[PDB]
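S.K.: We have chain H already, so just place chain L on it with the hints.
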Amino acid sequence: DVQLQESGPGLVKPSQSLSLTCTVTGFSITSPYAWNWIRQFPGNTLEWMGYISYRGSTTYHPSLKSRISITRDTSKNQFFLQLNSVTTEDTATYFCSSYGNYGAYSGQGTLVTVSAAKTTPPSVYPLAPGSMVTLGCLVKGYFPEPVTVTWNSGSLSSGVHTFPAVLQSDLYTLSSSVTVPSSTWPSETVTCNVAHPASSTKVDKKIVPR
Amino acid sequence: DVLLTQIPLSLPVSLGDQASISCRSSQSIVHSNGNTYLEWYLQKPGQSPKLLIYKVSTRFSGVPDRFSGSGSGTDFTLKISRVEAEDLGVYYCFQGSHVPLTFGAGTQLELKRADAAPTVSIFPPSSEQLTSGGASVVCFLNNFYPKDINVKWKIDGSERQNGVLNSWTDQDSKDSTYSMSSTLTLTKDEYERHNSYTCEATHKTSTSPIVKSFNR
Numbered sequence: 001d002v003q004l005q006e007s008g009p010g011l012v013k014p015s016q017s018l019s020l021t022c023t024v025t026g027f028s029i030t031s032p033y034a035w036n037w038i039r040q041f042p043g044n045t046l047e048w049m050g051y052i053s054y055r056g057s058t059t060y061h062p063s064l065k066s067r068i069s070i071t072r073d074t075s076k077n078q079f080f081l082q083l084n085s086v087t088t089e090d091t092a093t094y095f096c097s098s099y100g101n102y103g104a105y106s107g108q109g110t111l112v113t114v115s116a117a118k119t120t121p122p123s124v125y126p127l128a129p130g137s138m139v140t141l142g143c144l145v146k147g148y149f150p151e152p153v154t155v156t157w158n159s160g161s162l163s164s165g166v167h168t169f170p171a172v173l174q175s176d177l178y179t180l181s182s183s184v185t186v187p188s189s190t191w192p193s194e195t196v197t198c199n200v201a202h203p204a205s206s207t208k209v210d211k212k213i214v215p216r
Numbered sequence: 001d002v003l004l005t006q007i008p009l010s011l012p013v014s015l016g017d018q019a020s021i022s023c024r025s026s027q028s029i030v031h032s033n034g035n036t037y038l039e040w041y042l043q044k045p046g047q048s049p050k051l052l053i054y055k056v057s058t059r060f061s062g063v064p065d066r067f068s069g070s071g072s073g074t075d076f077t078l079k080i081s082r083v084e085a086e087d088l089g090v091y092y093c094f095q096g097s098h099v100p101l102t103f104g105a106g107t108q109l110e111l112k113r114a115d116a117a118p119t120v121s122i123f124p125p126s127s128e129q130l131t132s133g134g135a136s137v138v139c140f141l142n143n144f145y146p147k148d149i150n151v152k153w154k155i156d157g158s159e160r161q162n163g164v165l166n167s168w169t170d171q172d173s174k175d176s177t178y179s180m181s182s183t184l185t186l187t188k189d190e191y192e193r194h195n196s197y198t199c200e201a202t203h204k205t206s207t208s209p210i211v212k213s214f215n216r
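Top to bottom, those sequences are chains H and L.
Note that the first sequence covers residues 1 to 130, 137 to 216 in the deposited numbering.
The second sequence begins at 1 in the deposited numbering and counts up by one.
If we strip away everything but chain H, and leave its shape as in the complex, we get:
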């Protein structure tokens, strides 16, 4: 029923300014009390940025005050975040959140990457070994996040481990492994499926013995 939804550019260049919009449905942004912006740093800590009250007055985090602006549109039932001299350090998941006597509602979050990097497709490498057998896939040097890694188009899932992407240096890298019975490989086909929406990349890599 009640829903808060963030939208905006998911990629911003350093020195530029990020602008996010929260679209509220279920009730008016004119209902008490606070209409907040929160952020969650990469694999990390949550920081409250500021809020706009049901009466249009703002309160900010003293560290952010000077770079931050929270406005609203009561007609459109939306509130906004503007964060100015952005830095690589402002890369986080941004959430819009409401608070009152009912408790609180939040958005699903929008990831905002702050980088000077250009859209790079991933290089997908098949990892074969030199009763159970482990195979791998190296998804190296892509930008921005995310990619989607599957094995045998989704028909494998069971013994799969997909590892979070590590950032080095302006580019992301991740690996995935699959552990299947020795009777199954190389007798049957094990394929690594990698998709990178940002660069319209869709690679299929067969794991072949050396």
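Some clues are possibly wrong.
Pulled a few chain L residues facing chain H out of the computed Cβ check, cut under 10 Å [to be verified]:
| # | residue |
| --- | --- |
| 1 | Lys55 |
| 2 | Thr58 |
| 3 | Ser81 |
| 4 | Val83 |
| 5 | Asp87 |
| 6 | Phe94 |
| 7 | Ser97 |
| 8 | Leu101 |
| 9 | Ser127 |
| 10 | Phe140 |
| 11 | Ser179 |
| 12 | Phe214 |
Dumping the calculated DSS-like pairs for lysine-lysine here, alpha-carbon to alpha-carbon at most 25 Å [as the list claims (entries may be wrong)]:
| # | chain 1 | residue 1 | chain 2 | residue 2 |
| --- | --- | --- | --- | --- |
| 13 | H | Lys211 | L | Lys188 |
| 14 | H | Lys146 | L | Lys204 |
| 15 | L | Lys204 | L | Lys147 |
| 16 | L | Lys147 | H | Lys212 |
If you want the footprint, here are the derived chain H segments under chain L, 3+ residues with CB under 8 Å [unchecked claim]:
| # | segment |
| --- | --- |
| 17 | 37-49 |
| 18 | 61-68 |
| 19 | 107-116 |
| 20 | 121-128 |
| 21 | 170-179 |
| 22 | 193-204 |
Quick caveat, the hints were computed from the structure, so don't treat them as lab data.
Where is the CB? At the ideal position from N, CA and C, for every residue including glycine.
M.R.: The following block gives chain L in isolation, referenced to the frame of chain H:
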């Protein structure tokens, strides 16, 4: 700024057991109106933080009765009478009493299980990568418990730390284990001027590591 200190940061529990997380305030969190804006959020993996308890002890809509919250002054407690599998994630306390509104570091509620050694797998660089002048040696230390393990790489009898990048998964929903991947990134020339590549799973040693290697 009010600092919120969470005890513990890792909480291993068995399904059906009691669990208690403590949040200690560096100063009073009583707002100018008399209310204490102390909240507890739960963040499930892949999801956003969601409110459990607000105003110290008031449960939010749809929150089970196994979750209760208490406290006064500077010490607040979240109790889970009987831990269910849907309850796993990171628990945050939050204060909305004084500006700036602050959060604790989060408490990873985790599923306790018997110790399991990792499955160590070493992979030489792929010939497709060498074509571009790079050579990544990949190692997987899969399905282990608890996180008390590390990677050590050796090239021709010497530990190597430069060019190593590690990645950890969250607690596995299959068997409550952990996994990590380690990548040794060399140039094609670096790779071609060495022969022995070793990957090791180490544990406060004393202990004998689980070793995997190849000759080039």
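S.K.: Interface hint check: L:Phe140, Cβ to nearest Cβ on chain H, cutoff 10 Å. Holds or violated?
M.R.: Since the shortest Cβ distance to chain H is 5 Å, the answer is holds.
S.K.: Can you confirm whether the C-alpha distance between L:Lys204 and L:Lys147 stays at or below 25 Å?
M.R.: 12 Å, holds
S.K.: Holds or violated: L:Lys147 with H:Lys212, Cα cutoff 25 Å?
M.R.: 32 Å, violated
S.K.: Are 3 or more residues of the segment 121-128 of chain H near chain L, judged by a Cβ distance of less than 8 Å?
M.R.: holds (count 5)
S.K.: Does L:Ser179 pass the interface hint, meaning its C-beta sits closer than 10 Å to a C-beta of chain H?
M.R.: 5 Å, holds
S.K.: Three or more residues of the segment 193-204 of chain H near chain L by CB distance under 8 Å?
M.R.: Contact hint for the segment 193-204 of chain H vs chain L: violated, 0 residues under 8 Å.
S.K.: A closest beta-carbon separation below 10 Å is what the hint needs, so does L:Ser81 meet it against chain H?
M.R.: 21 Å, violated
S.K.: Closer than 8 Å Cβ to Cβ for three or more residues is the test here. Does the segment 37-49 of chain H pass it with chain L?
M.R.: holds (count 5)
S.K.: Does L:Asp87 pass the interface check with chain H, least Cβ-Cβ distance below 10 Å?
M.R.: 18 Å, violated
S.K.: Can the segment 170-179 of chain H be counted as covered by chain L under the rule of three residues or more with Cβ-Cβ separation shorter than 8 Å?
M.R.: This one holds; 5 residues, not fewer than the three required, reach chain L with a Cβ under 8 Å.
S.K.: Given L:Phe214 was flagged as interface, is its beta-carbon under 10 Å from a beta-carbon of chain H?
M.R.: Hint on L:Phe214: holds, closest Cβ of chain H at ~4 Å, below 10 Å.
S.K.: May I ask you to test the interface hint for L:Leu101 with respect to chain H, counting a Cβ-Cβ separation under 10 Å as satisfied?
M.R.: With a closest approach of 4 Å, the L:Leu101 hint holds.
In summary, the numbered hints that this structure violates are 3, 4, 5, 7, 14, 16 and 22.
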